[PDB]
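Undergrad: Throw the hints in and build the complete structure from the sequences for me.
Now for the letters of each chain:
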Amino acid sequence: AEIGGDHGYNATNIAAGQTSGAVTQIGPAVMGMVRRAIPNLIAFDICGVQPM
Amino acid sequence: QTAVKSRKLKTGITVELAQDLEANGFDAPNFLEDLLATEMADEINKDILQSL
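Chains AP and D are the protein sequences, given in the same order. Residue numbering for the first sequence is 66 to 117, as defined by the authors' numbering. Residue numbering for the second sequence is 167 to 218, as defined by the authors' numbering.
Among these hints, one or two may not hold up.
If you want the ones that stay clear, here's a sample from chain AP, every Cβ over 10 Å from chain D, calculated [as the list claims (entries may be wrong)]:
no.: 1; residue: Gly-70
no.: 2; residue: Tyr-74
no.: 3; residue: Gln-83
no.: 4; residue: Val-88
no.: 5; residue: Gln-90
no.: 6; residue: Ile-91
no.: 7; residue: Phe-109
no.: 8; residue: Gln-115
no.: 9; residue: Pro-116
Reference excerpt, derived from the structure (chain D facing chain AP, CB under 10 Å, subset only) [unchecked claim]:
no.: 10; residue: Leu-183
no.: 11; residue: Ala-184
no.: 12; residue: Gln-185
no.: 13; residue: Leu-187
no.: 14; residue: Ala-189
no.: 15; residue: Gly-191
no.: 16; residue: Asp-213
Read the hints as simulated data drawn from the structure, not as lab findings. Beta carbons are placed, not taken as given, at the ideal position from N, Cα and C, and that holds for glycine.
TA: In structure tokens:
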């Protein structure tokens, strides 16, 4: 009687929302965004710093 | 004089369907109870109009 079904565990299907039962999903959620960290700088005070 | 008759309907779902139905926006209990009320009222028309 109208099983919920599930995604076929295929990244192709999961993003699009293609399901197996009824009520195909609107789409995934948004858990957030991860971006690469910013490397730190070695202070230039080791060598000469002469503003021109 | 005529004895009354009966019309009965039943749908049934699964908890998994109801759980993910909420995430798509639908009010899972209220939506389903609307379905039977819509179908039963609709199925009476197919009775009354065909009775005429």
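Undergrad: Now tell me, hint by hint, if it's right for this structure.
TA: Right, here's what the structure says about each hint:
1. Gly-70: violated, 8 Å
2. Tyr-74: holds, 15 Å
3. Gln-83: holds, 14 Å
4. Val-88: violated, 6 Å
5. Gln-90: Given that some Cβ of chain D is not farther than 10 Å from that of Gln-90 of chain AP, nearest at about 6 Å, it is violated.
6. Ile-91: violated, 5 Å
7. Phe-109: At roughly 53 Å from the nearest Cβ of chain D, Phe-109 of chain AP sits farther out than 10 Å, so the non-interface label holds.
8. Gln-115: holds, 62 Å
9. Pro-116: holds, 58 Å
10. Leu-183: holds, 3 Å
11. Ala-184: Because about 8 Å separates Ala-184 of chain D from the closest Cβ in chain AP, which is inside the 10 Å limit, the hint holds.
12. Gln-185: It holds, given that the least Cβ distance between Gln-185 of chain D and chain AP is near 8 Å, below 10 Å.
13. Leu-187: At 6 Å from the nearest chain AP Cβ, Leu-187 of chain D passes the 10 Å test, so the hint holds.
14. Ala-189: holds, 8 Å
15. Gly-191: holds, 7 Å
16. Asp-213: violated, 24 Å
Against the hints set out earlier in the document, violations occur for numbers 1, 4, 5, 6, 16.
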